[PDB]
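One-letter residues, chain by chain:
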Amino acid sequence: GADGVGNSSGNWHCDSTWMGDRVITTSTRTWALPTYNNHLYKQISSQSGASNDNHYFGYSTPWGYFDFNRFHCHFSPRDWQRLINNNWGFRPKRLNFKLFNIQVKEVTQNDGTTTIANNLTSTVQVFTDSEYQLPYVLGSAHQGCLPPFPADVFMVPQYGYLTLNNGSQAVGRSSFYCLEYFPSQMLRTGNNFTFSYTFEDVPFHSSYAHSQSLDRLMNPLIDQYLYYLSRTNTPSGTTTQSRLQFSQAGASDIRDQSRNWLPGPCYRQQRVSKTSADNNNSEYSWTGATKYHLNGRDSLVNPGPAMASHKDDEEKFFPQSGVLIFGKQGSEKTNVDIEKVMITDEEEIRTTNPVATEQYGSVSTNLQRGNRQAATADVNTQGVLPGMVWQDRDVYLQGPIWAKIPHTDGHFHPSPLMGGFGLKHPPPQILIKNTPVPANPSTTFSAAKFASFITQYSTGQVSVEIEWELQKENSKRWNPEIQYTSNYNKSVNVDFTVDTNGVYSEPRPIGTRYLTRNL
Amino acid sequence: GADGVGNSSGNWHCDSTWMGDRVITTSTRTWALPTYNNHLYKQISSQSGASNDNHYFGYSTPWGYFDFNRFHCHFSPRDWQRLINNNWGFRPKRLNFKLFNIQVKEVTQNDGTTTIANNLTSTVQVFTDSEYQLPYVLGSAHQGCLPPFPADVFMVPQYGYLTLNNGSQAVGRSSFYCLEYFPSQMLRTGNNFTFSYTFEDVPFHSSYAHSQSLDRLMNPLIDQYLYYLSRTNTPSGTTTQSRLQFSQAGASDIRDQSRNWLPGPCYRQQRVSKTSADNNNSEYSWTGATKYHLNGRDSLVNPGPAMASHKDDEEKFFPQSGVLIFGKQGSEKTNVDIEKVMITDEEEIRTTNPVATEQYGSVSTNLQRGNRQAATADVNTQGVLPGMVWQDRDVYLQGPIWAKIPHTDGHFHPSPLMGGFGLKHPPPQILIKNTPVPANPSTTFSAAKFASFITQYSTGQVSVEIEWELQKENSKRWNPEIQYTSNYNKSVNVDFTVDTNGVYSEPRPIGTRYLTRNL
Amino acid sequence: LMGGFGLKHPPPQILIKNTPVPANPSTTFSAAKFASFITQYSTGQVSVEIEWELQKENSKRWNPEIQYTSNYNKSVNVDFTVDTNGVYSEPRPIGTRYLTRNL
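Residue numbers (the entry's author numbering), protein chains in the order written: chain A, 217 to 735; chain A', 217 to 735; chain A'', 633 to 735. A prime marks a further copy of an entry chain.
Any given hint could turn out to be false.
Chain A' is faced by these chain A residues, among others (derived, beta-carbon under 7 Å) [unchecked claim]:
#	residue
1	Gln359
2	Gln687
3	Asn690
4	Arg693
5	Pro696
Only some residues are given here: those of chain A' computed to face chain A with a beta carbon under 10 Å [said to hold, decoys possible]:
#	residue
6	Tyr730
7	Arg733
8	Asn734
Quick caveat, the hints were computed from the structure, so don't treat them as lab data. For each residue, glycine too, the CB sits at the ideal point set by N, CA and C.
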């Protein structure tokens with residue numbers, strides 16, 4: 217699209233409509249973009265000394281990108297609630313994007329006095345990496361997505377990436393991608409950039425919780441017909457004499473019943489409690505946390521494989537890195553106290569996946585014989601096994617929406633671990649930069665790189681609309697399901713509202729599983 | 217319809233489907249019908265002495281009728297919840313009824329031993345009073361409607377009615393309707409009786425609560441332009457000297473602001489509190505309760521005109537007869553203690569209708585002058601006034617569904633007072649009786665009325681399906697609405713479930729207003 | 633895991649109940665749940681037919697495969713038969729793998 221200077225390049229679309237089966241969440245926000253790295257690509261690396269587990273090598277670019285991989289960039293409390301309360305599941309189908317009403321300003325810091333003014337002509341160029349030839353950054357839970365609250369103006373993030381490294385230094389194989397080596401489209405004012413995408417058949421996120429659970433799944437009333445090993449030894453006057461007898465598992469017997477499927481896999485996490493007291497006093501934050509390691513650098517295992525966060529009656533506990541944790545609007549960056557964060561809870565799964573903090577089961581160790589007692593041992597890490605079945609990490613309104621499946625020789629069940637939809641070809645990276653403006657050059661020629669540009673930034677609005685599909689409920693469940701509600705009682709502030717000084721804020725994390733489906 | 221003896225006259229339909237705009241609740245239950253008044257019509261009257269406010273005269277009939285004027289005869293907790301959580305409103309549209317698989321048994325109490333057996337031939341006759349020529353009983357909150365819970369078998373109520381009376385005695389004008397003077401259709405087994413109805417344009421029951429309220433309705437930011445009387449007298453050195461000055465109502469001024477509409481009407485009720493303590497000790501149950509009176513008999517004013525049950529912070533109180541009160545499954549018939557009942561609460565209205573227990577406003581009494589102070593007085597009964605606006609009593613799952621608008625020269629806004637839909641021509645009364653079976657007659661003729669019949673009753677199932685329309689939500693409300701949920705925490709029994717001895721039970725009354733619409 | 637075929641949508645559950653039969657009710661009305669029914673049960677036959685597909689053998693295996701046979705020698709009772717008092721009985725569990733395919 218194209219037009220004039222006194223012509224709005226696009227209108228403001230920010231609705232949300234439900235169609236019974238679909239529902240489209242349109243949404244627009246105003247943004248701003250500075251000139252990063254003063255227009256140059258800069259090489260960047262870990263700090264020489266820095267622990268090995270923390271080295272790196274890569275580049276930062278003068279390019280800034282766009283991102284809305286956060287559910288709340290599309291759903292509004294209320295809306296989300298609608299969804300989350302009457303749908304067995306849902307998934308994204310297609311999207312449409314558009315930047316417009318772009319405007320380029322140029323600040324002038326003459327002595328003690330700045331003065332911003334329109335640089336009409338100068339441009340901002342955009343380009344979408346629709347061929348995925350660029351290090352996909354999104355999906356890395358970074359923060360600089362869209363504001364949950366419309367009215368909020370925002371700054372565009374700067375693109376940076378990482379290649380290979382042998383400590384703080386580069387290794388040859390590492391590649392250096394240059395963003396100008398693409399065909400950016402250049403916008404001036406009166407210019408807009410639209411583009412549209414279509415998702416790929418993915419599974420509806422399961423937005424329901426299970427009423428039955430693996431173990432308790434058969435019918436009480438009837439005993440099976442298969443037998444199991446009831447007792448081993450037997451009374452012989454005073455002493456026992458080994459004599460194995462078997463029984464037919466019934467209701468009273470349950471624990472012993474024969475089955476057909478196994479809980480999901482696991483990778484044991486340390487348990488910490490919301491109650492300061494209980495927790496051993498010391499620094500096992502890193503030392504005790506569950507991790508894995510590549511090329512000799514141990515990394516953390518955050519968002520551990522999807523597994524319930526606490527047994528019955530222990531909402532007080534949680535994994536050291538088995539859950540998602542968001543900050544309460546305002547919460548500072550580092551070492552903030554428990555009271556400043558919102559920890560997610562995944563009890564809803566208990567029913568199928570193991571509890572993060574407790575071992576999977578316990579396999580037998582030795583082979584018993586008359587002169588040898590029967591061994592056994594608990595298992596803290598069980599990789600996928602036939603017959604296992606499980607549930608993936610719920611979603612949360614202010615959580616990630618999707619993530620790119622890495623291009624590898626092999627993947628195994630790609631639901632992104634941080635939760636979300638695992639996409640092979642996700643929404644392409646959208647980039648934006650401000651074509652430089654060489655400030656006054658010298659009369660006599662010089663072949664040096666230009667270094668003195670006009671100080672200036674850009675701004676303008678952006679809009680994103682997405683169509684989601686739904687799987688409606690359908691249970692013959694007689695008694696009421698659970699629903700997500702807002703507290704009745706009076707409060708000094710409404711949830712998901714602007715305070716007295718107009719600061720919007722999300723009180724709690726809102727999950728997705730409320731409706732109840734049987735297993 | 218018709219067929220044979222070994223042929224099911226109908227199948228069992230008991231589903232419930234939602235179509236986005238409609239939703240059909242089908243429902244079938246098994247029933248039983250005895251032979252009332254041993255087959256005769258009996259004249260009936262108050263007990264000679266009995267307080268005048270309690271006299272009456274009328275008849276009881278050998279006929280039993282059918283009734284489902286209770287929302288839970290169609291909605292199942294869950295279902296109801298669906299409705300109640302995502303709909304600005306709804307109303308009934310049409311219905312279809314069918315009796316079938318009728319079966320007539322005949323008990324034999326030979327000495328110390330009864331023995332029931334099939335009286336194949338004998339019949340049960342049904343007939344619907346589709347011309348409303350019979351005293352419409354339904355709508356009178358009687359109890360003998362359908363079981364909320366399907367699996368429950370039930371007994372059919374007996375038809376009785378009331379005419380005029382001058383104390384315990386009849387007055388001529390009083391009519392005596394005879395049920396045989398209709399054309400009953402006679403069913404034998406293999407016979408079924410279907411019939412269908414269509415409702416009449418009625419208003420969707422408002423199933424939402426108001427976010428604004430009459431008083432607080434204008435915009436804070438701006439002061440009006442109309443002036444009101446700020447002060448009357450004025451400082452004159454030591455003494456005041458009358459000097460009326462006026463102000464322009466603003467935010468701080470609010471109470472004084474000029475408006476455009478008035479709260480609904482009222483009829484003051486006594487306030488009682490759920491807290492035994494507070495309540496004055498004595499018997500003002502009748503003496504103090506709000507009532508009205510015709511032909512010299514004071515009757516009670518139950519379900520008073522629709523008006524909020526308590527101001528902010530007083531959920532502890534309520535009208536003496538301004539609310540609906542249901543029994544907790546089991547609760548005996550008389551003088552049962554507060555702990556045995558469930559009292560409905562209509563706070564949701566506060567916003568438009570007056571509070572039941574507190575006066576409407578206060579009008580001025582006298583005309584003031586120098587030598588006369590300004591009078592004023594509170595008003596406890598305000599009949600409809602121009603500009604008044606209000607809300608009708610909510611509904612409740614186990615509440616009435618509708619009621620017949622009395623045939624009179626004049627009605628005023630017919631939403632039935634007990635709540636529900638006010639119908640001009642409601643679902644016709646359906647009646648049923650068992651054609652008598654003269655037990656062995658004497659060889660020699662006698663012209664006396666037959667008095668010795670075969671002892672026998674009937675049974676068989678009945679089905680009712682109804683189509684309801686809906687008005688879906690649609691508010692730009694950002695923050696979450698309130699929804700109806702079931703408690704998370706463990707409990708010895710699930711709500712709306714059968715206990716250990718299979719006794720279904722409704723824990724609490726469930727209203728209808730949860731979703732929030734602005735005023 | 634107990635072995636068998638894993639089905640996503642298996643043969644639907646089939647249910648059956650006997651519509652109750654309220655035994656003699658009282659002349660005067662009562663809104664209580666009916667509790668006195670006619671004592672009675674049902675009976676009748678049921679039939680199930682199923683079509684199974686097969687994958688026939690096909691090995692160039694020269695020497696004889698193993699097969700499932702019934703013992704030659706005399707016995708007081710035939711296997712999978714009714715005893716003297718007509719009580720059918722399955723002597724042993726019979727598997728499925730007998731024919732031999734290469735890996």
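Results of checking the hints against the structure:
Because the smallest distance between the Cβ of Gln359(A) and any Cβ of chain A' comes to about 22 Å, over 7 Å, the interface hint for this residue is violated. Interface hint at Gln687(A): violated, since its Cβ lies 14 Å from the closest Cβ of chain A', which is beyond the 7 Å cut-off. For the restraint placing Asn690(A) at the interface with chain A', the shortest Cβ-Cβ distance is roughly 9 Å, beyond the 7 Å limit, so the hint is violated. Using the Cβ-Cβ criterion of 7 Å, the hint placing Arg693(A) at the interface with chain A' is satisfied: the shortest such distance is roughly 5 Å.
Hint status for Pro696(A): holds, given a least beta-carbon distance of 4 Å to chain A', under 7 Å. Interface hint at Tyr730(A'): satisfied, since its Cβ lies 8 Å from the closest Cβ of chain A, which is below the 10 Å cut-off. Annotation: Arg733(A') was flagged as interfacial toward chain A, and the flag is violated, the nearest CB pair being 13 Å apart, outside 10 Å. Because the smallest distance between the Cβ of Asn734(A') and any Cβ of chain A comes to about 13 Å, over 10 Å, the interface hint for this residue is violated.
The structure does not agree with the numbered hints 1, 2, 3, 7 and 8 stated previously, though it agrees with the rest.
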